[PDB]
Structures are given as C-alpha cells and as structure tokens.
Amino acid sequence: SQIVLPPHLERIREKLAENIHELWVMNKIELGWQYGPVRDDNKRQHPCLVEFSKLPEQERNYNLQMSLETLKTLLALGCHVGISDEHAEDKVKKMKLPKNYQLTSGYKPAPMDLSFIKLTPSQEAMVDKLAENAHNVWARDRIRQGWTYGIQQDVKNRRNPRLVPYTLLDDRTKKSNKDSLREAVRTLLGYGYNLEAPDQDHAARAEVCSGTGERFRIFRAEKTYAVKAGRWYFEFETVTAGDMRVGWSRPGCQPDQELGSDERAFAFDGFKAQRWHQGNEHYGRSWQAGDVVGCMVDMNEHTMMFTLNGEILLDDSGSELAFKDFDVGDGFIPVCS
Amino acid sequence: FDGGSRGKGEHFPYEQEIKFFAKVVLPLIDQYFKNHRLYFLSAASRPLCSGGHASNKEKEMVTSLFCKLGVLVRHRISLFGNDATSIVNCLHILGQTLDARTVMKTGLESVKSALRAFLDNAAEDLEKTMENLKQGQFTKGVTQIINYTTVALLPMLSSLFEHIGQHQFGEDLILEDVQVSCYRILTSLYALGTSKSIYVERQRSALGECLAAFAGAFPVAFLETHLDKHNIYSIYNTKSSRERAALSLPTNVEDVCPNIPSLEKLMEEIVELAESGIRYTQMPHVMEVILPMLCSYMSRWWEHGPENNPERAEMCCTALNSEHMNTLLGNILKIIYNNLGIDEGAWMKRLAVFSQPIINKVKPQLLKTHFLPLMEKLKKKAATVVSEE
Ligand SMILES: Nc1ncnc2c1ncn2[C@@H]1O[C@H](COP(=O)(O)OP(=O)(O)OP(=O)(O)O)[C@@H](O)[C@H]1O
Ligand SMILES: COc1ccc2c(c1)CN(Cc1ccc(C(=O)O)cc1)CCS2
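Quick note, the sequences are listed as chains D and V, same order. Going from the first sequence to UniProt numbering is simple: count from 1 and add 869. Per UniProt numbering, the second sequence runs over residues 2943 to 3081, 3088 to 3337.
To be clear, the hints were calculated from the coordinates, so they are not data collected in a lab. The beta-carbon is built from N, C-alpha and C at its ideal position, and this holds for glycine as well. Certain hints may be false.
As the list claims (entries may be wrong) - Calculated pairs, DSS-like style, for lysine-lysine (alpha carbon to alpha carbon, straight line, at most 25 Å): (1) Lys3010/V x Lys2961/V; (2) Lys987/D x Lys3311/V; (3) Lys897/D x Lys923/D; (4) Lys3177/V x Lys3070/V; (5) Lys3054/V x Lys987/D; (6) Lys3047/V x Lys3187/V; (7) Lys2976/V x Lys2950/V; (8) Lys987/D x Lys3010/V; (9) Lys3316/V x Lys998/D; (10) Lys3144/V x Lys987/D; (11) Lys1141/D x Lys2976/V; (12) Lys1193/D x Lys1097/D; (13) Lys998/D x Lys912/D; (14) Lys3311/V x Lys3325/V; (15) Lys923/D x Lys998/D; (16) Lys1047/D x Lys1025/D; (17) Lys987/D x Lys998/D; (18) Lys3010/V x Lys2976/V.
As the list claims (entries may be wrong) - Every beta carbon over 12 Å from chain V, so not counted as near; a handful from chain D, in silico: (19) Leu944; (20) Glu993; (21) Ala1000; (22) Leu1038; (23) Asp1068; (24) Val1108; (25) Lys1141.
Given the sequences, and given the hints that come with them, work out the whole structure.
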C-alpha cells in the first residue's frame, strides 16, 4: 500500500531496465553456463542466447518485474537512495578480459573492479533481507502456481524440494542466489547510487510464544513430604539457561502463580540473579547451562541458603542467608518453576 | 573573559550566566548521568531489559559534552574557584558514561577529533609538567600547571582509563594518533613515578592510580614488547614504515619505552626487593606504583596468556602464567611482612586494594596451603587490642 515510485527515477527507469538485462545476461553466462545448440540438464548449457523470436518474453517480463520489485523493496526497507556523481561511467575502465569470457551476443561486457568496494555490514544486513524477501516472493509465486513442498522434484504432482523457509534452506542454492543478489547490489553501488539506508537497532522480544494457558510449569514435591524441622538439602540441575526458579514452597502454593510473587514460596531465580518472596530483590549470581543449584533449608533456625556449583551464593550484604525469617507453619517442600 | 580579564572589564557583566552555569548546569549533569548511566552504556547487548538503549547520536552528544567540559576545565580550575571539584566530578561521571565502541563505529568526525585532541592535550600537559618540574623546583605558570595536573588530570585520566579497561574499549579507541598520544602519556606517567622530587612524593598515589588504570586500559603489552609482531593491534604491526616516516615514532620496538624496563627486569627487581633488605624510605616508588602496574598488567593480560590459550600459544604477545602470579604475590606478602613492623602507613592497605584483582584471579587450590601463611600472619598481627579488617 505504501509503495511509491521514487521521485528522481522516472527518466532512468529505461536505463535501469537495460542495465538489469545486462546483469541478468552476465550473471547467467558467468555462473558457469555457456551458449549451446540444444537444452539438456546434464549439458549445463544455456541455449537461450539467441534471437528474441523464441526467447521467453515472459522471462523478460519476470526479469523487469523482479528488478522493480527489488528496488521497491529497498525503498520499503527505508533506503532513500541518493544520486552521488555521474563520474561512475568515466571511472569504470575495461580490464583484461579473455576471448572466451567475452560475450558472443555482441554487447560489450562491463566487469568493474568490485574488490575495492568495502561492503559495510549494514548493506550486508540488507543483502540478507533481500535474499530472504526474494526467496519468499519465489515461494509465494510457486504456491499461487500450486506447488507444494516435497523431498524431491516431481513435476507430475508439483512437488518442489526447495519450498522451505530461507532460514532452513540448503547451502548451495541459497549461496547461489545470495551471490547473484550481492552482485546486483554491488553493481548498483558501482553505478554509484549510494544506499542512504537506516540501521535496524536491536529490538527486545518477549520470546514467550508457548500455549496461552501456561507461561511456566511448576514441579513440586508431594504435600505429605513437607518438612517442619531439621536441616534439609536438594539439588536442581539446569540443562538450559533461562527463566527458572528453584526453592521451597508452602503446601498451599498455587500452580498458576509465579514462584515468589506471594507469601507461599521462597525461590531463587538465576535468570536475573534474584530472590523471590512477596517481591523481588537482587541476590546471588546467574547460572549457565549445566549449573547445579543446591538448596538448603534449616527449620531449627528458620533460614534458607542457595549454592551455585558448590559456592555459596550471597546477597548485596556479606550474609549467606537468602531468607532468614519465616514461620514454620505447615512446612516446606522442594519446588521449581 | 580571559581575553579581557586585565582590560576595562574587571567585573564581567555576565554574572547571572556564570552563576547559573556553575550552580545548576554542572550538578544537574552529574546527577542525571549518575542516575541514567546504564541508559547510555546500553548497546546491542541488553543489560537493562526495561529501558531502551541510547541512540548513536545520543552517545555522540555525550562524548561531545565530555570533550567540551574537558576543554573548559583545561587550565582554569583557579578561575572556576571552588567549583573545580564540581567540573572534575562531572568529567568523571561522563567518562564512565561514554561508549567509545559505538562512538568510533558510527560517530561524527568532529567528535572523534575532539576526543583525540583531548587525549593529545592531556599528553602535552604531562610533557609540560615534565619540562617545568625538571629544574623548576627552584622556582605562576609552573605552579598553575602543576596544580591543574594534580587536581584534574590524574583523576580524569584515571577514571577514563579505568572505564576503558573495564569495558575493553581500548581496542576500539586507542589507535594511530590516539595510540601515539597514549605512548607519550605512558612515558610521562612512568617518568613521574620513577623520578624523585618533593612535588612527586607529595602526590605519589594519584600518579599510581592513573598509571595503573593506563596499564589496564592500554591494548598493547608495553612491558613484554619483544613479542611485538604477534600483536595485531599494534601500530608497529598495522601501519608500517610509511607512517613511521610520516608521523614521528621512536622507530625502534625496544626504544618505544626508553625509561620503562622489561617485565623480567621488574620481576627480578621485586624478587631481590625485600631480600636485599633496603629501607622503605630509600626508594619508596616500587611498592607504591610499580606493583600496582604489574598487578593491572597481569589482570588485563591473563586471558591472552599461553596457558589460557593452548591454541596458537606461539601467537600471543604476552607470556604470563599462574606461576608468575604466585611469585609476584609471594614477593608482595614478603614485602608487607618485612615492612609491617616499621614505616606504618595506609599504603599497605592501598596496595592490598590494588592487588585484590590478582588474588581473585588466582586459583583456590593455591589458596589452600599457600595463602594459609597470609591468613595466619594477617590474624596474628591483628591480634592486637584494636581489631581491624
Ligand atoms: N520468469 C523467470 N525467468 C527466469 N528466472 C526466474 C523466473 N522466475 C524466477 N526465476 C528464478 O530463477 C531461478 C531458477 O531458474 P529457472 O528460471 O530455471 O527456474 P524457474 O523456471 O523460475 O522455476 P522455479 O520457479 O521453480 O524456480 C529461481 O530461483 C527463480 O527465483
Ligand atoms: C528452466 O529453464 C530456465 C528458464 C529461465 C532461466 C534459466 C533456465 C536459467 N536459470 C538458472 C537456473 C535454472 C534452474 C534452477 C533451479 O530451479 O534449480 C536455478 C537456476 C537462471 C534464470 S533464467
């Protein structure tokens, strides 16, 4: 809906059209293919370098439309591309090019010195987005055609092996498309229209995409195992690192309420290095993958302690007591969230 | 005001502006940045999940403000009067709040030039202190310069270098002209530390903290300079003979630090120290300045050591080991044991504070039955009637 044609590119649409034609033909010929008599899969030859009689006009239209879609996508990314200097045509100079690599079609190749251009990581990021978006557009076009994913190419059932999200795509094809499009972007930079593009700052994402009924699961010992006197110990190994709490809970602790948000639980949270009982206070350290937290309770003196990998965790003060005052009540049981 | 101080304008009209600045603008800056320091230090990493990260232009403005305050405070503490503490505290807090990484990656050329010029001015002021303090003790410009240095330059540089070392911004900041300016600063700090003069032992400490912070902050192993080629971030390995010729260098790897001896030489010095049994008063500079520098150097350069890097262990600039650490700390507690009975001062406590990083670094297996002497001496000497620590 937001797409508009950029205000200085009206008269240059033609030149960009034949320019994209030039990139298309040079990319096709220097991807390893060459002009041949007949089309075969094993031949790896491109016979379509012939007069426009048979050459697919639909392929020409596809080339033009993907070029315009590419430029529209860069403008949609926020790239208010700027015209720098006409001197690109003057600066570009023909290097040594072999006779075989010289195109027999009659047009003069223009391979420029693309090594010295330093690709800033921002344009690398826009290149990643261009690859993702082009792959998505191709997948959408195939789905509109009726293609569906399969293990291998089946023309009869219209099963395509490559119809997967680009993040999970195979290395070879994504590398090929990625190099084709970096060549396209680098040729645009060679003509010199600089990418006044924005930077995508890091955005916080809650990451909570589980079932809406549960943001956490609480595991506890049975009520009948509640201990009301003595010195008790247990362990909690964290296979991963993240939102996890471990500690002691009252028999009446609710399962749908987060540990330590009320009076019914005393917990330690190593994701944010805090202790939880009726609130939040900083305590201890932050665990990692494979860390073992040892929880100790002493009901004789009404105290609680936590150790990370053997070392005793301590709060802002020098005390090792995570919780030092609580009524015994109906006892405590091991619990985690 | 400085242009027309001695002229017809002995009473500057802008008393309202000066008072408003010195009474509101500075303390407001100090308190605001102290409260919101985490906002400006935020980056791609997310320490403060709730609050957002400061913009790149925001950090550029913070750096510009720090540079402008430095330019203001240069050689004008006496004119500021009692506010000089306020300006230097503002510079301190701003130096903590700076984000050199992002500023260098995406920053205005004016801001980068301002930071480079601030560091170069610090080096030039240190060199002026050199030239006047040498054969100036007999004799005002010299007094004003030395007061400005001892009041602002040491705290400012110490705080900035501590921040740089703590956030590993040296690899992103100290390069080319910045790096040669830091070389000049290092030579100056070492010369002030080594030299003996009444003005020197009157401010030995602040030189100690500044030089230790610099040792922590500097991204090149200046002590073990013989392994120069291994370091990739050195000017001697990056930008080559053409720029040796373009901008002046000592041009020799071992001559880059003429007054700074080699790491092994300082190690031998501290080993026969307290074993030759020389008096504290003869040459007090080692245990007050050099040992802090050694501790900061080792604390910064442990992880690059060969024993921490079995991979490409031949491709490391520094060659520190846990045996180096325990030998140096052994020399430390030998010195304190032989010097606790006489020449009592707070410098033992300051040295212990400075060596706290190395005792944290050292593995606890050595703590077992090696620091047992440390605890038993520390308790038997504290067994006196008045308890401490
Ligand atoms: N009309 C077109 N002409 C040429 N190439 C195209 C066209 N449409 C898409 N392409 C791109 O060419 C690549 C494959 O080349 P080819 O033209 O042989 O495949 P295709 O005929 O487009 O079949 P598919 O749509 O399954 O890729 C695809 O990655 C696709 O993105
Ligand atoms: C199927 O006839 C065509 C029609 C058009 C074009 C080509 C071949 C040549 N191609 C190379 C190519 C071919 C097949 C795939 C593939 O789908 O595996 C990928 C790239 C570039 C686009 S012009």
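Against the structure, the hints:
no.	hint	in the structure
1	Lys3010/V x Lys2961/V	holds (19 Å)
2	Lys987/D x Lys3311/V	violated (45 Å)
3	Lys897/D x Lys923/D	holds (17 Å)
4	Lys3177/V x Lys3070/V	violated (33 Å)
5	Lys3054/V x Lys987/D	holds (22 Å)
6	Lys3047/V x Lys3187/V	holds (19 Å)
7	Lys2976/V x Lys2950/V	violated (41 Å)
8	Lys987/D x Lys3010/V	violated (34 Å)
9	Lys3316/V x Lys998/D	violated (56 Å)
10	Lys3144/V x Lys987/D	violated (52 Å)
11	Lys1141/D x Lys2976/V	holds (23 Å)
12	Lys1193/D x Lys1097/D	holds (15 Å)
13	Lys998/D x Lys912/D	violated (33 Å)
14	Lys3311/V x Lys3325/V	holds (20 Å)
15	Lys923/D x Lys998/D	violated (34 Å)
16	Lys1047/D x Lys1025/D	violated (29 Å)
17	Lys987/D x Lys998/D	holds (19 Å)
18	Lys3010/V x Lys2976/V	holds (19 Å)
19	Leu944	holds (22 Å)
20	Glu993	holds (14 Å)
21	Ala1000	holds (22 Å)
22	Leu1038	holds (26 Å)
23	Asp1068	violated (8 Å)
24	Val1108	holds (23 Å)
25	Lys1141	violated (9 Å)
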